[PDB]
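Okay, here's what each chain looks like letter by letter:
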Amino acid sequence: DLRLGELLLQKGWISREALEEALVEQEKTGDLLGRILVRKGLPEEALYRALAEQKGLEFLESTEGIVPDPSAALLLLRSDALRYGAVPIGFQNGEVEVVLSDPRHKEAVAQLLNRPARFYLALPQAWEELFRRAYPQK
Amino acid sequence: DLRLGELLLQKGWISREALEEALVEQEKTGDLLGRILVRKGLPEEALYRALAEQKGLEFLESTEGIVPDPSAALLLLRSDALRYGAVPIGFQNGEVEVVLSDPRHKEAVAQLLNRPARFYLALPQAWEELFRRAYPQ
Ligand SMILES: Nc1nc2c(ncn2[C@@H]2O[C@@H]3COP(=O)(O)O[C@H]4[C@@H](O)[C@H](n5cnc6c(=O)[nH]c(N)nc65)O[C@@H]4COP(=O)(O)O[C@H]3[C@H]2O)c(=O)[nH]1
Ligand SMILES: Nc1nc2c(ncn2[C@@H]2O[C@@H]3COP(=O)(O)O[C@H]4[C@@H](O)[C@H](n5cnc6c(=O)[nH]c(N)nc65)O[C@@H]4COP(=O)(O)O[C@H]3[C@H]2O)c(=O)[nH]1
Numbered sequence: 165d166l167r168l169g170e171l172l173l174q175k176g177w178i179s180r181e182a183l184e185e186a187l188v189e190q191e192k193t194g195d196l197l198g199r200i201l202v203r204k205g206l207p208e209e210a211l212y213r214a215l216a217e218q219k220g221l222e223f224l225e226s227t228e229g230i231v232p233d234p235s236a237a238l239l240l241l242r243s244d245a246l247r248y249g250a251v252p253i254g255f256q257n258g259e260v261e262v263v264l265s266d267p268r269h270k271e272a273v274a275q276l277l278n279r280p281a282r283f284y285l286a287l288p289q290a291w292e293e294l295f296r297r298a299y300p301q302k
Numbered sequence: 165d166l167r168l169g170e171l172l173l174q175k176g177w178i179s180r181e182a183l184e185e186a187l188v189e190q191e192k193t194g195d196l197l198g199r200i201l202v203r204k205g206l207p208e209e210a211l212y213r214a215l216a217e218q219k220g221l222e223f224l225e226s227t228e229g230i231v232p233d234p235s236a237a238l239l240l241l242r243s244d245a246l247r248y249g250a251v252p253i254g255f256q257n258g259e260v261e262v263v264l265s266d267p268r269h270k271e272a273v274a275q276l277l278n279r280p281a282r283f284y285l286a287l288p289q290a291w292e293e294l295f296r297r298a299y300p301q
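Going down the list, the protein sequences come from chains A and B.
Residue 265 in full-length UniProt numbering sits at position 101 of the first sequence, with consecutive numbering throughout.
Residue 199 in full-length UniProt numbering sits at position 35 of the second sequence, with consecutive numbering throughout.
Hints were generated in silico from the structure; no laboratory data involved.
Ideal placement from N, C-alpha and C gives every residue a C-beta, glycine not left out.
Among the hints, erroneous ones may be present.
Said to hold, decoys possible - Sample of chain A residues with no beta-carbon within 10 Å of chain B, all distances over it, derived:
{"hint": "1", "residue": "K175"}
{"hint": "2", "residue": "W177"}
{"hint": "3", "residue": "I178"}
{"hint": "4", "residue": "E185"}
{"hint": "5", "residue": "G205"}
{"hint": "6", "residue": "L206"}
{"hint": "7", "residue": "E209"}
{"hint": "8", "residue": "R213"}
{"hint": "9", "residue": "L215"}
{"hint": "10", "residue": "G229"}
{"hint": "11", "residue": "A237"}
{"hint": "12", "residue": "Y248"}
{"hint": "13", "residue": "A274"}
{"hint": "14", "residue": "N278"}
To be verified - Derived SDA-like pairs: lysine to any residue, alpha-carbon spacing no greater than 25 Å straight-line:
{"hint": "15", "chain 1": "A", "residue 1": "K175", "chain 2": "B", "residue 2": "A237"}
{"hint": "16", "chain 1": "A", "residue 1": "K204", "chain 2": "B", "residue 2": "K175"}
{"hint": "17", "chain 1": "A", "residue 1": "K219", "chain 2": "B", "residue 2": "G205"}
{"hint": "18", "chain 1": "A", "residue 1": "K175", "chain 2": "A", "residue 2": "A236"}
{"hint": "19", "chain 1": "A", "residue 1": "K270", "chain 2": "A", "residue 2": "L173"}
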C-alpha cells in the first residue's frame with residue numbers, strides 16, 4: 165500500500181527534504197530509490213527493514229544462528245538459489261522457510277516454489293554467508 | 165567521545181528534532197535516552213550497535229552458536245555473572261571473552277576480572293539464553 169519513501173517517512177528514518185532530494189535525482193537518473201537514499205546517508209539496515217515491512221517479510225538481523233536444513237536446500241538448484249537470491253533453510257508447520265536477498269524477488273520465488281512458504285529478508289553480507297553454508301561451491 | 169544522541173544522528177537513525185524532543189522528554193521523565201528513542205521507532209539492535217561502538221564493545225547479533233567454555237565460566241561466580249550481566253565464554257590470545265548485557269557495566273566488570281579481556285554486547289534475550297547455557301542450574 166505504502167511506497168518506500170512514505171514508509172521511511174512514517175517511521176521517522178528520513179526527512180521530507182531528504183526524500184524529495186532523492187526523488188528529484190531519480191527523475192534525472194532512474195536509479196533505484198533506496199540506493200539513492202542510502203548513498204545520501206540512510207542506514208542500509210533502515211532501508212531493508214522498510215522493504216521487509218512493505219512486502220510482508222520478516223527482517224533477519226542475523227543469519228549466523230541458522231543451521232540450513234539440507235533437505236530444504238534440495239528444493240532449489242544452487243544456480244536458482246543464487247539467481248533468485250533465495251536460500252531455503254528449513255520447514256515450519258508444512259511451510260518452507262526461505263531467506264531472500266531482495267524483496268522484489270519474493271513473488272518470482274514464491275511462484276517457482278509453488279508451495280506454502282514463509283519468507284525472510286537478510287542484509288547482503290548476512291545473505292551471502294548463509295548461501296555459502298547452505299550451498300557449498302563443491 | 166561522542167554521546168549516544170549524536171552517534172545516532174550522524175548515522176541517520178534519528179532527526180535532530182527527534183533528538184532534541186527526546187532529551188526534553190528525558191528532562192521530565194529521567195528515562196534513558198535509548199529507551200525513549202526505541203519507543204519512538206529506533207530498532208533496539210541499532211541502539212545496541214551504537215552503545216557498543218561508544219564503549220569499544222563488539223556487538224553480537226546472535227549468541228546461538230556460542231558453546232560456553234566451562235574453564236572460562238569459572239572466572240566469575242554465577243551470582244556475579246548475574247549481578248554484573250557478564251558471561252565469560254572462552255579465551256582468545258590470552259584474553260577472556262566476556263559477553264555483557266549492559267555496556268554501562270563494562271568498567272565494573274573489567275576491574276573485577278583484573279585480566280586482559282575482550283568485551284561483547286548482546287541484546288537481553290540473547291544474553292539470557294547464553295547466561296543459562298554457561299551457568300546452568
Ligand atoms: N532491493 C531493493 N528494493 C528497492 C529499493 N528501492 C525501492 N525498492 C523497491 O523497488 C520498487 C521500485 O523502486 P523505484 O524504482 O525506485 O520506483 C519507486 C520510486 O520511483 C517511487 N517512490 C518510492 N517511494 C516514493 C514516495 O514516497 N513518494 C513518491 N512521490 N514516489 C516514491 O515509486 C516507485 C515505486 O516505489 P515502491 O512501491 O516502494 O517499489 C519500489 C520498492 O519496493 C532498493 O534500494 N533495493
Ligand atoms: N543499557 C542502556 N544504556 C543506555 C541507554 N541510553 C544510554 N545508555 C548509556 O547510559 C548513559 C546515560 O544515559 P542517559 O541517562 O540518557 O544520560 C545522557 C543523556 O542525558 C545525554 N545525552 C546522550 N546523548 C546526547 C546528545 O546527543 N546530545 C545532548 N545535548 N545530550 C545527550 O548525556 C547523557 C550521557 O549520555 P552517554 O554519554 O551517551 O551515556 C549514556 C549511554 O552510554 C539505553 O537505552 N540502554
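Results for each hint:
no.: 1; hint: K175; verdict: violated (5 Å)
no.: 2; hint: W177; verdict: violated (7 Å)
no.: 3; hint: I178; verdict: violated (8 Å)
no.: 4; hint: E185; verdict: holds (13 Å)
no.: 5; hint: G205; verdict: violated (5 Å)
no.: 6; hint: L206; verdict: violated (6 Å)
no.: 7; hint: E209; verdict: violated (7 Å)
no.: 8; hint: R213; verdict: violated (7 Å)
no.: 9; hint: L215; verdict: holds (14 Å)
no.: 10; hint: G229; verdict: violated (3 Å)
no.: 11; hint: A237; verdict: holds (19 Å)
no.: 12; hint: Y248; verdict: holds (25 Å)
no.: 13; hint: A274; verdict: holds (27 Å)
no.: 14; hint: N278; verdict: holds (31 Å)
no.: 15; hint: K175/A - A237/B; verdict: violated (41 Å)
no.: 16; hint: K204/A - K175/B; verdict: holds (11 Å)
no.: 17; hint: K219/A - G205/B; verdict: holds (19 Å)
no.: 18; hint: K175/A - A236/A; verdict: violated (35 Å)
no.: 19; hint: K270/A - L173/A; verdict: holds (24 Å)
In summary, the structure is inconsistent with hints 1, 2, 3, 5, 6, 7, 8, 10, 15, 18 from the numbered list given earlier, while agreeing with the others.
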